[PDB]
Amino acid sequence: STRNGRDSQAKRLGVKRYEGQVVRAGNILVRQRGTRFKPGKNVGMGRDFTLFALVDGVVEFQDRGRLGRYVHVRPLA
Amino acid sequence: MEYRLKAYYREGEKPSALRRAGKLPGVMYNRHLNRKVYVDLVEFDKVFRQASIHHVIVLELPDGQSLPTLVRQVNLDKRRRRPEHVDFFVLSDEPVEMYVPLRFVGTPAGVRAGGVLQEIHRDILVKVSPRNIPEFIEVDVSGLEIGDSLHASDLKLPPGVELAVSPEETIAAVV
Amino acid sequence: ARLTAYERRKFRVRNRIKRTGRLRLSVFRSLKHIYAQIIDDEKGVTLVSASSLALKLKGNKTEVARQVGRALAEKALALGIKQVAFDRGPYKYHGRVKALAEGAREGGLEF
Amino acid sequence: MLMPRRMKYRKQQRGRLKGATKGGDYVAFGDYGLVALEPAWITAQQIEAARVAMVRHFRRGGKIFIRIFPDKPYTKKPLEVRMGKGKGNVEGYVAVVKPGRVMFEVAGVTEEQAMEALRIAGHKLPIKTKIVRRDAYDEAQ
RNA sequence: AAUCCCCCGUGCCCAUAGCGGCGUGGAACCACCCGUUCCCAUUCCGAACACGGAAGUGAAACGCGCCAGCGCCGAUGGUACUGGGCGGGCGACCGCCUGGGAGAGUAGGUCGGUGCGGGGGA
RNA sequence: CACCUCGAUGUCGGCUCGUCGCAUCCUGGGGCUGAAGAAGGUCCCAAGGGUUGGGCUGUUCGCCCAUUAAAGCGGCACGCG
RNA sequence: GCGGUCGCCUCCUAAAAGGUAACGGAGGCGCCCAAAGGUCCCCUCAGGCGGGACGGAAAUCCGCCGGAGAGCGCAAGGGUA
RNA sequence: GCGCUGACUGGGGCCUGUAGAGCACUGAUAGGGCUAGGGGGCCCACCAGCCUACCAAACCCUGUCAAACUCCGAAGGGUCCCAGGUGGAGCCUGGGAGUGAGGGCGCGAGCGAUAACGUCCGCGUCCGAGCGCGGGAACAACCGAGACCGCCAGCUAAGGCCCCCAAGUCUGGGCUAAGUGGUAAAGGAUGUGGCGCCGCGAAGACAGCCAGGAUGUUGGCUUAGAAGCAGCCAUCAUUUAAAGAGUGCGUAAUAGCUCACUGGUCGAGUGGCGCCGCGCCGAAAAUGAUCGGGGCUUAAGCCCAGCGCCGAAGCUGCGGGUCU
RNA sequence: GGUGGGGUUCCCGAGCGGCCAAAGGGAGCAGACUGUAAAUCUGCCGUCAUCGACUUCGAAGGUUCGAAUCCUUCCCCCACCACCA
Ligand SMILES: [Mg+2]
Ligand SMILES: [Mg+2]
Ligand SMILES: [Mg+2]
Ligand SMILES: [Mg+2]
Ligand SMILES: [Mg+2]
Ligand SMILES: [Mg+2]
Ligand SMILES: [Mg+2]
Ligand SMILES: [Mg+2]
Ligand SMILES: [Mg+2]
Ligand SMILES: [Mg+2]
Ligand SMILES: [Mg+2]
Ligand SMILES: [Mg+2]
Ligand SMILES: [Mg+2]
Ligand SMILES: [Mg+2]
Ligand SMILES: [Mg+2]
Ligand SMILES: [Mg+2]
Ligand SMILES: [Mg+2]
Ligand SMILES: [Mg+2]
Ligand SMILES: [Mg+2]
Ligand SMILES: [Mg+2]
Ligand SMILES: [Mg+2]
Ligand SMILES: [Mg+2]
Ligand SMILES: [Mg+2]
Ligand SMILES: [Mg+2]
Ligand SMILES: [Mg+2]
Ligand SMILES: [Mg+2]
Ligand SMILES: [Mg+2]
Ligand SMILES: [Mg+2]
Ligand SMILES: [Mg+2]
Ligand SMILES: [Mg+2]
Ligand SMILES: [Mg+2]
Ligand SMILES: [Mg+2]
Ligand SMILES: [Mg+2]
Ligand SMILES: [Mg+2]
Ligand SMILES: [Mg+2]
Ligand SMILES: [Mg+2]
Ligand SMILES: [Mg+2]
Ligand SMILES: [Mg+2]
Ligand SMILES: [Mg+2]
Ligand SMILES: [Mg+2]
Ligand SMILES: [Mg+2]
Ligand SMILES: [Mg+2]
Ligand SMILES: [Mg+2]
Ligand SMILES: [Mg+2]
Ligand SMILES: [Mg+2]
Ligand SMILES: [Mg+2]
Ligand SMILES: [Mg+2]
Ligand SMILES: [Mg+2]
Ligand SMILES: [Mg+2]
Ligand SMILES: [Mg+2]
Ligand SMILES: [Mg+2]
Ligand SMILES: [Mg+2]
Ligand SMILES: [Mg+2]
Ligand SMILES: [Mg+2]
Ligand SMILES: [Mg+2]
Ligand SMILES: [Mg+2]
Ligand SMILES: [Mg+2]
Ligand SMILES: [Mg+2]
Ligand SMILES: [Mg+2]
Ligand SMILES: [Mg+2]
Ligand SMILES: [Mg+2]
Ligand SMILES: [Mg+2]
Ligand SMILES: [Mg+2]
Ligand SMILES: [Mg+2]
Ligand SMILES: [Mg+2]
Ligand SMILES: [Mg+2]
Ligand SMILES: [Mg+2]
Ligand SMILES: [Mg+2]
Ligand SMILES: [Mg+2]
Ligand SMILES: [Mg+2]
Ligand SMILES: [Mg+2]
Ligand SMILES: [Mg+2]
Ligand SMILES: [Mg+2]
Ligand SMILES: [Mg+2]
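Protein chains in written order, with the entry's author numbering: chain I8, 9 to 85; chain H8, 1 to 175; chain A8, 2 to 112; chain 88, 1 to 141.
Check each hint, because a few of them may be wrong.
What the hints assert, rightly or not - Subject to a maximum C-alpha distance of 25 Å in a straight line, what follows is the list of computed SDA-like cross-link-like pairs (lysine to any residue):
1. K19 (chain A8) - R32 (chain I8)
2. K46 (chain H8) - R133 (chain 88)
3. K49 (chain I8) - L62 (chain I8)
4. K44 (chain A8) - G76 (chain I8)
5. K33 (chain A8) - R10 (chain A8)
6. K63 (chain 88) - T107 (chain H8)
7. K63 (chain 88) - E145 (chain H8)
8. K11 (chain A8) - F112 (chain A8)
9. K44 (chain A8) - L62 (chain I8)
10. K76 (chain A8) - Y92 (chain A8)
11. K44 (chain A8) - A85 (chain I8)
12. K19 (chain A8) - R72 (chain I8)
13. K8 (chain 88) - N12 (chain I8)
14. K46 (chain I8) - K44 (chain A8)
It should be emphasised that the hints constitute simulated quantities derived from the structure, not laboratory data.
Sequences are here, hints too, so could you generate the full structure?
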């Protein structure tokens with residue numbers, strides 16, 4: 009017999025809205041494990057590091073080098 | 001001493017077809033130039049056997065010129081180990097790095113009957129001007145006894161130029 | 002030694018500010034003088050400046066400071082500006098910086 | 001018998017034999033070499049059957065370089081087969097060898113002497129080979 | 001007002017701005033510096049943080065330059081691979097078409113650029 | 001492995017009756033021999049025919065007795081209820 | 001049947017969204033902390049080298065170099081000066 | 001009911017960490033150098049202590065490997081926007097189901113043995129339900145192609161065009177002599193055709209034939225004798241266009257014989273290597289054989305280029321049916 | 001027949017790849033003890049020879065620089081496997 013045999017549930021992680029999608033206040037934007045997308049303008053980040061639109065708007069991505077990747081919501085939806 | 005081959009020009013004409021044609025694709029470049037060239041394969045082999053990035057190939061090619069090219073890469077395709085592309089580096093006078101063969105001249109030179117010859121490098125990398133190009137390098141070193149290791153400045157350093165360093169290294173020793 | 006306590010604590014106190022997204026009232030106190038800008042980030046642009054250098058005053062820098070404080074309100078409040086966030090940068094909020102701050106009232110408020 | 005000391009995982013997946021490639025391939029250490037014509041898992045007990053064929057031909061003389069190494073664990077099910085329960089039971093190790101790679105590669109021996117040794121050495125191998133010499137094409141580096 | 005150059009802030013690009021070596025700056029800014037009464041301080045120490053200063057020095061720090069030993073960036077050609085279409089081999093696997101096309105490596109490149117506001121020069 | 005057969009494809013061994021294969025046990029023909037002869041060894045050709053009787057065990061097989069040119073090995077639903 | 005297993009977390013398998021199987025490869029949980037919690041204020045590692053009584057490979061001290069390889073209560077991953 | 005939103009496609013953004021590759025991390029890892037620790041061999045036993053043809057840290061040169069490594073990273077894939085797209089498309093509400101044993105094949109993996117008409121997933125397809133049609137001898141799932149009905153009409157697909165058997169004994173060019181085709185591998189071979197590379201050669205080579213076939217000498221060693229051929233070696237030296245103290249037969253050791261190596265004869269090629277095409281060996285199983293069969297050899301086989309024709313329930317032509 | 005483990009000087013016996021002619025015990029020879037012995041203690045323990053030289057691990061051959069120690073091979077053992085329904 010085998011002492012192996014487990015695995016855990018898929019956590020269905022990753023990005024839930026991409027650039028230039030129209031979001032709404034509260035929409036969550038990224039589901040993620042560490043801080044690998046840091047919150048930008050109008051983007052909150054919850055205790056599971058999870059990012060959500062603060063305002064209705066549209067989503068843009070920004071790659072700031074050693075500063076990291078950033079998700080902003082650009083208002084006036 | 002002087003290696004002339006040939007060359008030609010190309011723009012379109014898939015290298016698959018050329019290669020199928022007996023002609024070895026390649027490129028021609030230096031600081032001032034980049035150009036697509038091909039050569040005959042059989043022609044190139046006979047020269048490159050000899051030349052081998054140690055010596056200057058003067059090309060030629062149509063609109064006949066003579067370009068002081070060093071060959072700086074050969075890409076062989078691994079399956080058949082036959083060269084599938086060459087790129088020729090054209091000289092003009094600025095100090096430039098390259099590989100100069102070594103000549104070990106002498107007897108075992110110390111601890112004879114018997115030592116260990118033990119050549120570490122068959123070549124060396126040296127920053128050298130196009131004008132004076134040292135086609136080989138004399139290594140005598142009467143000893144070379146047990147426990148001695150030749151580094152860099154213990155080498156001839158032909159009147160042309162200096163090294164590509166680092167001066168601390170090993171070339172021959174006897175253990 | 003990479004990236005000193007100075008420049009950490011500096012970032013640490015700055016980054017928090019730049020989050021709330023107000024106008025930033027930045028404060029540079031030197032050994033002689035004390036200067037203050039009011040900056041709009043995302044336009045990357047200074048709006049209203051004040052200093053002991055440009056107002057050519059001296060006499061006891063904590064008192065000088067409060068003066069470049071009242072000086073900044075004045076100039077700034079004039080453009081519509083109210084509600085900023087007080088930088089304080091590397092400085093403990095104390096002394097000369099506390100004073101430019103607590104003289105930066107009558108406009109540019111909540112500190 | 002070659003075999004890694006201190007493995008990180010015993011038992012790794014089989015994976016494919018595709019794409020003759022990836023280094024080795026140019027004869028860096030010696031005067032002559034054995035190059036792989038076809039892909040194979042080549043077994044530690046195969047490599048040493050080649051090594052010894054050659055040292056025997058040099059009468060303990062010469063220099064021999066090997067240059068493939070069996071780091072891939074080979075499992076087997078005891079006899080007693082039945083599919084399941086687990087995976088089980090590493091026998092040997094193999095090195096994966098795709099075409100154009102140099103294994104072995106002698107030096108410090110007369111040409112016809114080494115060429116006879118490499119030919120022997122080759123018969124101990126499951127795939128086809130090619131004997132090679134060394135070249136301008138094997139560059140400098 | 002503008003244009004320029006130098007400094008002080010403060011952003012942006014996020015190493016082509018970095019390490020190292022050399023050189024250079026004190027009028028002004030900045031630093032070190034002079035003190036520890038006072039505010040306020042260091043699990044001990046005004047080191048730091050803080051205040052009051054202004055004699056000195058640009059030694060340290062910083063700013064500005066220069067050098068390619070390192071670091072970093074890096075083609076063009078050519079391959080690998082491959083979306084779609086076809087073949088071949090007992091097999092492991094291979095090949096052709098059409099479109100896309102790396103990685104390493106070669107040539108090279110670089111000792112930053114730039115915005116807003118100050119202070120000073122013209 | 002689980003593909004036809006569980007609304008049934010009777011299962012070992014023996015006996016009877018064979019037929020086929022040849023990787024040949026014997027007989028026939030060969031090469032080599034570390035083949036003097038005789039007698040072997042090994043390998044090649046060859047499936048025409050042959051290929052014993054007993055003790056023990058349900059046995060196949062094996063061991064053993066006495067012989068023999070030899071006491072062949074397989075397949076045919078481990079051939080054939 | 002016997003053996004193993006049965007819910008939860010981490011990684012790989014998984015074919016660069018998600019998801020994805022096998023008695024496929026490996027590991028972990030069934031707790032814990034009144035501070036290991038909120039906030040404000042400071043502080044920045046491991047490691048290497050040189051120095052220094054009892055001090056040793058490493059107790060504490062000083063110098064320089066060290067961009068994170070340390071730490072984050074526990075498995076792994078992601079994250080993080 | 002809504003009614004242009006659909007699959008698919010164009011452009012644009014964003015997301016990702018696989019193929020490939022890489023070694024910067026985690027490990028593995030070949031050769032070398034330089035070096036802590038050390039096996040030690042030992043110099044002393046006080047710190048000492050020189051060498052490594054063993055381990056082996058770090059470090060540097062060279063060289064690799066990895067599902068649970070990644071400094072890199074394609075093609076693709078996903079999602080939103082804007083456009084095309086009127087489709088037995090799409091969305092919303094409801095009524096009725098059936099299904100929840102799948103299978104083969106391709107591709108990508110795992111398990112297995114780089115076994116299975118094996119097993120387990122992924123993406124695709126077909127069978128299922130297209131065991132209706134054509135091709136593949138026959139044959140669910142391979143190639144062709146989606147059968148509404150009728151016709152003694154046409155064009156094609158796949159595959160075919162010597163006869164069984166509809167259409168070429170078609171036209172060029174080349175290869176193979178095995179009946180290969182009508183196959184099974186390592187490996188082997190003056191098979192045969194081609195493209196090379198190297199050596200030697202009219203200072204006349206390769207082949208034969210004519211001629212010479214050392215001497216100190218038994219070489220010493222061993223020896224009744226090895227005086228090359230019972231044999232372990234110093235295989236050295238001379239004179240020569242030139243014979244190895246000698247390769248084999250011989251052998252009472254010798255005698256005798258041959259070879260090597262040269263001279264001459266003659267007269268144009270010769271020997272080595274690598275590559276490609278087709279073939280040969282390797283090649284033994286059980287009721288009677290066979291490529292489907294006859295039969296085929298400048299092909300009726302294989303490669304290259306052509307031109308025609310045959311060929312389905314596909315397509316067309318004519319008539320008809322039903323639904324929309 | 002097939003795979004698990006075993007052969008150590010005359011006997012039992014320990015054995016790391018750098019030491020292994022191989023320590024540890026009994027034999028077995030020599031000395032001392034004793035009137036002489038047995039027991040006990042001492043030295044010798046394959047051969048010489050000063051050290052050290054030299055072959056021994058059942059026989060052989062490999063691997064390694066080095067093998068009693070790894071690798072097969074011919075034996076030589078008792079723990080185990082071979083119909084079948
Ligand atoms: Mg998971
Ligand atoms: Mg390869
Ligand atoms: Mg082989
Ligand atoms: Mg001054
Ligand atoms: Mg001065
Ligand atoms: Mg006081
Ligand atoms: Mg204190
Ligand atoms: Mg200075
Ligand atoms: Mg690059
Ligand atoms: Mg490119
Ligand atoms: Mg493609
Ligand atoms: Mg590139
Ligand atoms: Mg700036
Ligand atoms: Mg069944
Ligand atoms: Mg099944
Ligand atoms: Mg039944
Ligand atoms: Mg029935
Ligand atoms: Mg019945
Ligand atoms: Mg026969
Ligand atoms: Mg006979
Ligand atoms: Mg006879
Ligand atoms: Mg005979
Ligand atoms: Mg017969
Ligand atoms: Mg009776
Ligand atoms: Mg009976
Ligand atoms: Mg029996
Ligand atoms: Mg009988
Ligand atoms: Mg029978
Ligand atoms: Mg049976
Ligand atoms: Mg039966
Ligand atoms: Mg009956
Ligand atoms: Mg149970
Ligand atoms: Mg995924
Ligand atoms: Mg996917
Ligand atoms: Mg568990
Ligand atoms: Mg430290
Ligand atoms: Mg220390
Ligand atoms: Mg960490
Ligand atoms: Mg539309
Ligand atoms: Mg759409
Ligand atoms: Mg699109
Ligand atoms: Mg890979
Ligand atoms: Mg690595
Ligand atoms: Mg990977
Ligand atoms: Mg890149
Ligand atoms: Mg897109
Ligand atoms: Mg639309
Ligand atoms: Mg529908
Ligand atoms: Mg419904
Ligand atoms: Mg099911
Ligand atoms: Mg299906
Ligand atoms: Mg299924
Ligand atoms: Mg295919
Ligand atoms: Mg199946
Ligand atoms: Mg299968
Ligand atoms: Mg399917
Ligand atoms: Mg059904
Ligand atoms: Mg069908
Ligand atoms: Mg269908
Ligand atoms: Mg049928
Ligand atoms: Mg048919
Ligand atoms: Mg229809
Ligand atoms: Mg056709
Ligand atoms: Mg026909
Ligand atoms: Mg006809
Ligand atoms: Mg004809
Ligand atoms: Mg035939
Ligand atoms: Mg045939
Ligand atoms: Mg013809
Ligand atoms: Mg027609
Ligand atoms: Mg129709
Ligand atoms: Mg009609
Ligand atoms: Mg209808
Ligand atoms: Mg007495």
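Checked hints:
| no. | hint | in the structure |
| --- | --- | --- |
| 1 | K19 (chain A8) - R32 (chain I8) | holds (23 Å) |
| 2 | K46 (chain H8) - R133 (chain 88) | holds (16 Å) |
| 3 | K49 (chain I8) - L62 (chain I8) | holds (9 Å) |
| 4 | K44 (chain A8) - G76 (chain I8) | holds (21 Å) |
| 5 | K33 (chain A8) - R10 (chain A8) | holds (22 Å) |
| 6 | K63 (chain 88) - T107 (chain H8) | holds (22 Å) |
| 7 | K63 (chain 88) - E145 (chain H8) | holds (23 Å) |
| 8 | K11 (chain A8) - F112 (chain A8) | holds (19 Å) |
| 9 | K44 (chain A8) - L62 (chain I8) | holds (21 Å) |
| 10 | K76 (chain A8) - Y92 (chain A8) | holds (24 Å) |
| 11 | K44 (chain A8) - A85 (chain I8) | holds (21 Å) |
| 12 | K19 (chain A8) - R72 (chain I8) | holds (16 Å) |
| 13 | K8 (chain 88) - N12 (chain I8) | holds (17 Å) |
| 14 | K46 (chain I8) - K44 (chain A8) | holds (21 Å) |
Of the numbered hints given earlier, the model fails none.
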